[PDB]
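Chemist: The primary structure of each chain is shown beneath.
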Amino acid sequence: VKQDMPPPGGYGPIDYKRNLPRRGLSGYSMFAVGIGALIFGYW
Amino acid sequence: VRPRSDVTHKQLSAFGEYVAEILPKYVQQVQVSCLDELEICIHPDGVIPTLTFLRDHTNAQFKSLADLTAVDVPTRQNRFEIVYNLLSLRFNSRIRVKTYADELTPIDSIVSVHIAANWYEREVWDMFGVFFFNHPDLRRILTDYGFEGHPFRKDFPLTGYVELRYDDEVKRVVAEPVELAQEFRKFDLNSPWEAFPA
Amino acid sequence: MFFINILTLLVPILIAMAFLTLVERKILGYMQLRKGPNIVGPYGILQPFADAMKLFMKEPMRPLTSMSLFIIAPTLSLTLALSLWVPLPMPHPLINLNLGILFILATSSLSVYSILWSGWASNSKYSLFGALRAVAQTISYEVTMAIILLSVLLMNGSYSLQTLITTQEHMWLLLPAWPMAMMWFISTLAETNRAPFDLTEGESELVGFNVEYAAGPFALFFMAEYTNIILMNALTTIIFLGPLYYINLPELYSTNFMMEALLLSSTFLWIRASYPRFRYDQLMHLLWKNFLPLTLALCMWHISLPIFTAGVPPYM
Amino acid sequence: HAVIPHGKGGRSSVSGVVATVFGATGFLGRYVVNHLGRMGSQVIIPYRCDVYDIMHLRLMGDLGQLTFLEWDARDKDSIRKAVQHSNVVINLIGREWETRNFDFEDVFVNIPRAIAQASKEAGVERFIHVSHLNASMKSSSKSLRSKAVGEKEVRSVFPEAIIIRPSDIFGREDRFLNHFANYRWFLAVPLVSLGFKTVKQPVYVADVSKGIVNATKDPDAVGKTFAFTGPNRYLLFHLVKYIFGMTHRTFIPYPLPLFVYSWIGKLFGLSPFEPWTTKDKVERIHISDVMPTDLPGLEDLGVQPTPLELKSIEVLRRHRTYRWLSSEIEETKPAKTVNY
Amino acid sequence: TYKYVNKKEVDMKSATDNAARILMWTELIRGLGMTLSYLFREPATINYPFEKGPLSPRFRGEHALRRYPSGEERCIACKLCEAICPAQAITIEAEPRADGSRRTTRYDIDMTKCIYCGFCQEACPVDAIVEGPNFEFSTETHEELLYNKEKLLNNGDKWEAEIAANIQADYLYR
Amino acid sequence: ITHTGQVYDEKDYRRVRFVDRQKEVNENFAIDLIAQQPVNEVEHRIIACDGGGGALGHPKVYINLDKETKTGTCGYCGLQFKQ
Amino acid sequence: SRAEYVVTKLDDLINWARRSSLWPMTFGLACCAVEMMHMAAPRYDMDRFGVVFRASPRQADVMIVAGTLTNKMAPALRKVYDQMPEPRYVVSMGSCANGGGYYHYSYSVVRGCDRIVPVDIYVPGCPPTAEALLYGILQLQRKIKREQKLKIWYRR
Amino acid sequence: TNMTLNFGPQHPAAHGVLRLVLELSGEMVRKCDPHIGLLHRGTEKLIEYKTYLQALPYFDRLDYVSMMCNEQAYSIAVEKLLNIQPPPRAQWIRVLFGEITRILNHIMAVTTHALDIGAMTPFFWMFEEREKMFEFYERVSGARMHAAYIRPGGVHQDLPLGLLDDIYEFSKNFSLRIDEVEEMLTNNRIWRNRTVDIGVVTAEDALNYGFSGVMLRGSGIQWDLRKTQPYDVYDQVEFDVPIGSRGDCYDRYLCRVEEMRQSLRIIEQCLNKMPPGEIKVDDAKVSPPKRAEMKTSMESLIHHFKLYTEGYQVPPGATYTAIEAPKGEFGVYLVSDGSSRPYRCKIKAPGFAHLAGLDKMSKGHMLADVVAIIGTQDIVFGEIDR
Ligand SMILES: NC(=O)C1=CN([C@@H]2O[C@H](COP(=O)(O)OP(=O)(O)OC[C@H]3O[C@@H](n4cnc5c(N)ncnc54)[C@H](OP(=O)(O)O)[C@@H]3O)[C@@H](O)[C@H]2O)C=CC1
Ligand SMILES: COC1=C(OC)C(=O)C(CC=C(C)C)=C(C)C1=O
Ligand code: SF4
Ligand code: SF4
Ligand SMILES: [Zn+2]
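Sequence order for the protein chains is Z, C, H, P, I, R, B and D.
Per PDB author numbering: the first sequence = residues 6 to 48.
Per PDB author numbering: the second sequence = residues 46 to 243.
Per PDB author numbering: the third sequence = residues 1 to 64, 66 to 208, 210 to 318.
Per PDB author numbering: the fourth sequence = residues 38 to 377.
Per PDB author numbering: the fifth sequence = residues 35 to 42, 47 to 212.
Per PDB author numbering: the sixth sequence = residues 31 to 113.
Per PDB author numbering: the seventh sequence = residues 69 to 224.
Per PDB author numbering: the eighth sequence = residues 78 to 463.
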C-alpha cells in the first residue's frame, strides 16, 4: 500500500558540474627546476 | 483526455489556408487533425514546388525533413501515399505534405530541396517500389543485394519467398523456397462490434 | 660453461617474457577496476603458458601467399629480439662488443623488414596498407632514435655499453640529458609499437601484418614484441638510469637493473591503458616536426658541452 | 512401418526414410547425409570420431532430422541399438590404410557383415552395401579382394541387400583427384608405365550420392549390384597432366617400376599418421578400370553422370598459386578421352 | 536555457605556462595519475560461480508452469498466453480431460523464438505460466531449448519454492 | 507414459530421438492429484473459490453446491465441494 | 606407462590449454552485443576466466554470434567462421540467433545461425543475461574438457 | 577502383555491422558509400501483424542502447491517437527513466568512441556505472535491458519500494565518475588532436541533411525537442541544453558529456518531486485491469481478456510524435485504422540521417578519421536498419 516516494523534505543535493581541479606547478618554476638539473648534471 | 491547446489548432489551420492560397495549383486538401497536427495534401507534380516554398519562405521556414514514408493502401488506385514530415526550427511547428503515387508512375525527387531525402527515397524504392526521378543514386538500401520484390508492400508475404541455409555439397550459402516449421499463426482479432463514434 | 651462460640469459628472459603478458593483463585490469586473469593456476601464474599451448596447437593456416617471406618473418622477429640481449651489459655482459650500441641499433633496424615481409607475404589489402605505414614510422623513429644515442655516446666516449657503468658511477645520465631521455622513452614506445604509438596493430584502424598470422607465427612475433618491450626498457635502464655499480658485489647492479627495468616496463603498460592512439600522420608529425629539430639541435649541444666545458670523455 | 511423405520437398519436410549410416563422416558419406537431409529423411549417423569433427554434418540436416549415436565396431551392442529404429541401413565403412587395430578385412568384410546381420534381426526393409569397383576375390590389392569377400558374405547375413560398387570417386576432398594434384610437393610425379594402360573412369561424388539415395527410395533395386562409373574414361596420363593442368603446375611423368614403387607405398604406409600412399593404393591406382557390363548405376538409378572437366575446377582450385587461382576451365584445354 | 560547452592575453607567465604544458607533457602526466589511482581501488568483479550478480523478484529469466498446492496444474488452457505472445512462441492445443475439466494436451514454449517479454506472466488469469528466476539454462543442442509441457511443469516443480516467494513479493505491485 | 500418454511408438519414426537420451514425463501426474483432494464440505448453498490466496489464485467463482447428488467443482481448481 | 594412460593425461593437458584460454571473436550484430560488452566490463570480467576482450577473425578460438543474423549478413558470418583456425567453436547468443527470435517470421532474418554455422552452446534470453553468457562460456569450457581427441586417435 | 576497400562488416571499429565501401588514394578517403541493411530485420512490417501492446517490445529493440526512451516515443504516439494521457506519477517516472537512459546512451557513445580511438580504460570505468544502472532497470522492469516498462498508457508497475533511494546514491556519485573520464580525455593532449577539427558540419548543412540531434546542437543550432516541444513532464523540470560552437568531433563530445551532467540535474529533480498516485491510466479500455480486480470483478476480467487477446482498438488517424532520444529526434509515424493492430509505423531513426552525412563529413580524411566520425554519430545499426 506504501508507495516508494521521495523522502520527506526531499532528497539532498547532487553535483551536476565538473569538479576538475586546475592544479599544477607554475610553468616558469617547472622549467627552472629542470634547467637547474641539467646545469648540475653538466658540471 | 490529452491537454489540447486550441491556440495551436487555430494558428496551424490559418497557415493551412495560407499555403493553400499561396499554391492554389497543387494543394488538393489541407486539414488540421485533432491531435492538432497539419497535413497539406498535394498533387504528385507539386512535390518540388510545395516543398521548396516551405523550405525557403520567410513566413514558413521548414528547414529539416523529419521523414519520407509511403503507406500502401492497396484499395487506392494510386497505391502508395508518400508522406513527407517537415520541421520548422524557427516558427516552431511541423507540417506533413502527402502525395499519391501508383507503382509505375514515379514521383519527383526532392534530394535537391532536402539532401536528407537522398537515403529515405532509396528506402521507399527498396520497400515499396515507388521510383524517384532525378535521384542521384537510387538503389536498394535495406534489402539483400539479390532480393526480388518490394517488401513493405501489403501484397508481399511476411515470411517472404526465399530463406538462406549453408549447403555442404556446394560449400556456399544457398536460397531455397521458404519452408517454415510453424507457420505464422494468423489470429483474427477484429471484433464484430464497433464503437459508436463519439 | 659458456653454453650454460646461454641458457641463462635466454630461458630466464623467455620465462620473464611470459610473465610480462600476465603483469600486463593484470595491471591494465586493476587500472580498469577488474581483477584480470587469476582463475587459471594460482593468481594467474599458469595463464601465460596456457595460451602458448593453445596458440601452437591451433592450425597455422597458410593462406590460399608466400610460404617463406611468411615463415622467415616471425623467425627473424624472435631471432633479432632475443639476439639483442646478447650484448646487454647487466653487471658484465655475455659477449662484450667494443661497438656494442651500434650492434643494438643495427639489430633493431633489421626488425622493420619482418613487418615489411609479413605484410607482402599475406597478400591481402589490410596487411599491405598496415605494413607500409608501420615500416614508415619505425624507420622515421629510428632516425631520432639513432641521433639521441649519438648525443649519449659523445658524453660516454665509446660505443660499448660497458663504458656507461663507469660513466654513471656518480650520477644518472638522466640528470644531464634528461631532455633526451624523454625523447628516448617516447621513441622506445614507437619502436615497440606499444600504445600511444601502435597504429600497426591498430584494430579500429586496419584490424596489420599480424592479421593473417595465427597460431605459431603469431606467437613468435608476439614473443618478439614483448621481449623487445623489455630490452628497450632495459637499454633505458643502462643508458639513462644507471643502476649503482659496486665492483665487489656485481648483483646489486643487476638487482637495481631488475627494479628500474620492471618499473619502466610497467610504465609503457601504464601508458597503454592511459592514452588513446595517435593518428598515422600525427605520429610522424611528432617525430619530424616536434622531435627531430629538438634532437638535432640537442645533438650539437652535446658536441659543444664536451669541448668548452673541457669535458671531452676518455676514450676507452 | 512407414512415414507418408508430406511436404513440398525441401528442408523441414518429410520423406519417410529413417536410415542408419555408419560411416557418414566420410567423403562419400558427407554427401549421402546431404541429400538424405535435403530430402527430409530421418538420418541416424553412428560416429566414433570426436563430437567436434561430427559438427559439419549438423547444419545440412533440419531440426530433429539428424541423430548421432556413439558406436564401436568391435562392440556388437552399439550396432544393435543404432538399427533398432531405422528401416534403411547404408554401409560406407572403408579405409585405405590398414590401421593398427583394424584390418582391411575388418573395415570391409568383418564389420560390414555384423552390421547388416543386426539390421536383419532389426527388420530393416533394405540394406545398401558399398564395395570398390573391379573387386575380384583374386584382385591384387588386398583391399579390393577383401571387399569382394564382403559383398559375398553380407548377402548371406542379409539377402537381397543392394550392393552399389563405385569406381574411385571424383569430388572435392576426394583422393583420386587431390592425390595426383598434390604430387606437386614431389618434384617428379612417378607414374607406373608412365601413366599408361590403366584407363580410369572417375565418377562425381554427388552422382554417387544421389544414386545411393535414390536406391533407398526405389523398389527396383533389390539384390542389384549397380556400378556407378562415369561420363568418360581416361588413360591415367591425361588425367595426371590434366590435373596438373588445372593446378597450373608443371608435369614430369617419370616411369618407375611398380615393383620398386610398391616399396614407396610401403614407406608411406610405414608412417604412423594416415600414410599418404598405400602399397595397396599404389596397386589400386594402377589397376586398370574395368569396362562396364554390369547393372547400370547412374542413369539407371536416375542421375546422369557429370563429366570430370566440368567440376574439376572446383576440386583442384585450392592447389593453384597466387595468380593461377584466377584461371577458368574453358580457356584451359580439356584432355582427350581414351575408351580403350 | 542553453550553455556553451566550448566557446572562446599572451603573457610570458601565460605562455611560459602553455609552453611547459606542451614541452614536459604536463596534462599527459595528469592522465597517468588517474589510472594509477584506480589501480589502488578494490576491483568490482564477482567470482561468477561462487558469487552471483543480484537479480530482484521481477527478473523474468526462464519459463515455468506452476501447479496448485493440491497438485492440479494451474493452466486451464484459456490460450490467451498464446494470443499475447509477441513472438508466436507458445503453442497450445487442448481437450477436456476425462475429469471433465479443461487442460492443455500440448503446451510448447519455443524458447529460441521467445524474447522473454514477460507478457505471458502478465496475461495468465490463473497465473499458471510464470517467468521463473533461473537464467542459466544454456543447452548443447537446439532441440533441448524447445520446451514441451513436461519440461515446463518439471521446471515449475523444481523452482516452485522461489517462484512462490518471488510472486509473493511482487503481487501487491501488480 | 506422459499426461495424455504420449507414446512415440515401437514402430514410430520418432521414437528414434530418445536413443541415448531420456524422455521428459511427470511423476505426481495432476490427473490424479485433485482426485486425491478431499471434498470441501460447506454449509451454504453456494460457495466461493478464490483458488486460495485471492490475488494469487483464480478469478473468483461461486459454485452451487445445491445438490448433494453432485459436488460442485470449480472449473479452475477441480476441487469438489460436498454441500 | 600404458600408453592409454599416457594418452589421456596428454589429451587433458591439451584440453586444459584450449579451455583456459578461449579468445572470443564476437560479432555484436544487434544488441546482445551490449550484454557481452558488459561481460567484458568489470562486474563480470571475461578476462579473469582467460577469455580475451576481443581478437581478430584469425586468432579467435570461439565466435559468439550475438544478434539477428539477417540474410545479407549471412554470407559474411560464414566467411568469418570459415576464416578461423582448425580448433574453432561457435556460441550462439540471443533468441535472435539461437532461433529467429522476435524476428523469426521476417523475410530478411535467417531463422537461427545454426543454419549457417554449426553451433556448440546456445545461450537463451532476448538480452541473454551477461551472467548467462558467462554460464554459456563456462559450459563451452566443460564441453572442451570432455573432448578426447588423442584417445580416439590412439584407439583408431 | 582507387583501391576500393570494404571497411568490412566484422571490424571492431565498425559498431555492429557496417560495410563502408571506401575508395582510398593511399591513406586518404575520396568517397564513403556506407552500406546498410546488414541488420534490417523487418521491424516495420512485423508491427503491422501485431497488436499495439505486442509491438511495444519491438521499439526497445530498435535502438537498444537507448532501450526505454524509444518506448516513450511509441507510448506517446499511441496515447495521442487514443487522446489519453498517462497519470502524473507515470509521467515523472518516464522522465526519470528517460534520463537514466540518456546517461546510459552517452556512457555508451563516449566510451565506445574512445575504444575505437584506442583509449580503453574509460569504457571499463563507466561500464561499471552502466551496470549499476541496468540494475535499476531490472528492479523496475525485470529485464536488465529490453524492459517493456513504458507502455502506451503509462508505465507497467510502480517503482519497487526503495528504488528511488538508490537512484539517488548513484546519482550522488556518478558525477565524479564523469569527472574522471574527463581528467582522462577532455584535455588529453591527444584526444583533442584526433577529434578536434574532424567532421566539422556547418549549421545550414546540418539542418539540410536532417541531422536533428547533438549533431545539430554541436554546430550551434539551438534545438532540443524537450524544450521546444515539451513531452511528458520535461516541461516541469529545469535543465540547460549544451549548445556547441566550432562544431567538430571534440565539441560535440563535450556536448554529450554536458548532457550526462544536465541529465543528473533532471534526475535529481524527478527524485525530489515525483507525485503520489497511480502509474497507469484508469481507463480499463486502454490499460489492463489490476490483477486483484480481474480476479474479483467481472467487468475487469472481460477488460483483461479483451485487452490481452484483441487490443486497444485505437481510433482511426495518423500521428508523427518525436521525442529527444539520446541519439537525436526519434519519431514514430503511426498510421492507424480503427483496428487493434497498427497499419504503418515508420520509425524515424536519428541515425539514418546521420550516416548519410558521413559522406559530407568525412571528405579528404584518413582511414582513422572515418573511425572517429562513426563514433561521433552514435550509430546504432538497429535504428538505421529497422
Ligand atoms: N573414392 C573413394 O573413396 C571410393 C570409396 N569406395 C568405398 O566407399 C566407402 C566410402 O568411401 P569414403 O567415404 O571415401 O571412405 P573414408 O575413408 O572416408 O571412410 C568412410 C567412413 O568409414 C569410417 N571408418 C573407417 N574405418 C572404420 C572403423 N574401423 N570402424 C568404424 N568406422 C570406420 C570413417 O570414420 P572415421 O574416420 O571417423 O573413423 C569414415 O567416416 C568406402 O568404404 C570405400 O570402400 C569405393 C570406391 C571409391
Ligand atoms: C555501440 O555499438 C557497438 C555494438 O553494438 C551493440 C557491438 O556489438 C560492438 C562489438 C562488441 C564487441 C565486444 C566486439 C561494438 C564494438 C560497438 O561499438
Ligand atoms: S494463460 Fe495461463 S492459463 Fe491460460 S493458458 Fe496460457 S498459461 Fe494456461
Ligand atoms: S535476441 Fe533479443 S536481444 Fe539479442 S538481439 Fe535479438 S532481440 Fe536484441
Ligand atoms: Zn477454484
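There's no promise every hint is true.
[Unchecked claim] When the alpha-carbon atoms are kept at most 20 Å apart in a straight line, the in silico EDC-like pairs for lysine to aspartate or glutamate are as follows: (1) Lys278(P) with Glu367(P); (2) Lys45(P) with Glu228(C); (3) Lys77(B) with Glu215(B); (4) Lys77(B) with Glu142(P); (5) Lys37(I) with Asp242(D); (6) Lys45(P) with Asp101(C); (7) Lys108(D) with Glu125(D); (8) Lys211(B) with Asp90(P); (9) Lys179(P) with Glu107(P); (10) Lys219(B) with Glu72(B); (11) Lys22(Z) with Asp282(D); (12) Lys209(D) with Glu89(I); (13) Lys219(B) with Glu142(P); (14) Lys118(P) with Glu135(P); (15) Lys22(Z) with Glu376(D); (16) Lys90(I) with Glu212(D); (17) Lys113(P) with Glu133(P); (18) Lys7(Z) with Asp242(D); (19) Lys118(P) with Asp50(R); (20) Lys157(P) with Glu40(R); (21) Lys147(B) with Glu351(P); (22) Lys108(C) with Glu370(D); (23) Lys126(H) with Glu72(B).
Please keep in mind that the hints were generated in silico from the structure rather than gathered at the bench.
Chemist: With reference to the structure, classify each hint as holding or not holding.
Modeler: Against the structure, the hints:
| no. | hint | verdict |
| --- | --- | --- |
| 1 | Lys278(P) with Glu367(P) | holds, 16 Å |
| 2 | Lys45(P) with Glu228(C) | holds, 14 Å |
| 3 | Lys77(B) with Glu215(B) | holds, 12 Å |
| 4 | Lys77(B) with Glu142(P) | violated, 32 Å |
| 5 | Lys37(I) with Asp242(D) | violated, 30 Å |
| 6 | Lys45(P) with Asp101(C) | violated, 59 Å |
| 7 | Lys108(D) with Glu125(D) | violated, 37 Å |
| 8 | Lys211(B) with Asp90(P) | holds, 14 Å |
| 9 | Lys179(P) with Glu107(P) | violated, 29 Å |
| 10 | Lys219(B) with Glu72(B) | holds, 7 Å |
| 11 | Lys22(Z) with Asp282(D) | violated, 32 Å |
| 12 | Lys209(D) with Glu89(I) | holds, 17 Å |
| 13 | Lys219(B) with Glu142(P) | violated, 23 Å |
| 14 | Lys118(P) with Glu135(P) | violated, 27 Å |
| 15 | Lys22(Z) with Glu376(D) | violated, 52 Å |
| 16 | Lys90(I) with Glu212(D) | holds, 13 Å |
| 17 | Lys113(P) with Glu133(P) | violated, 23 Å |
| 18 | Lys7(Z) with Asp242(D) | holds, 15 Å |
| 19 | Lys118(P) with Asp50(R) | holds, 9 Å |
| 20 | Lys157(P) with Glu40(R) | holds, 16 Å |
| 21 | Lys147(B) with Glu351(P) | holds, 17 Å |
| 22 | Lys108(C) with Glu370(D) | violated, 51 Å |
| 23 | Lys126(H) with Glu72(B) | violated, 47 Å |
The structure is inconsistent with the numbered hints 4, 5, 6, 7, 9, 11, 13, 14, 15, 17, 22, 23, although it conforms to all the rest.
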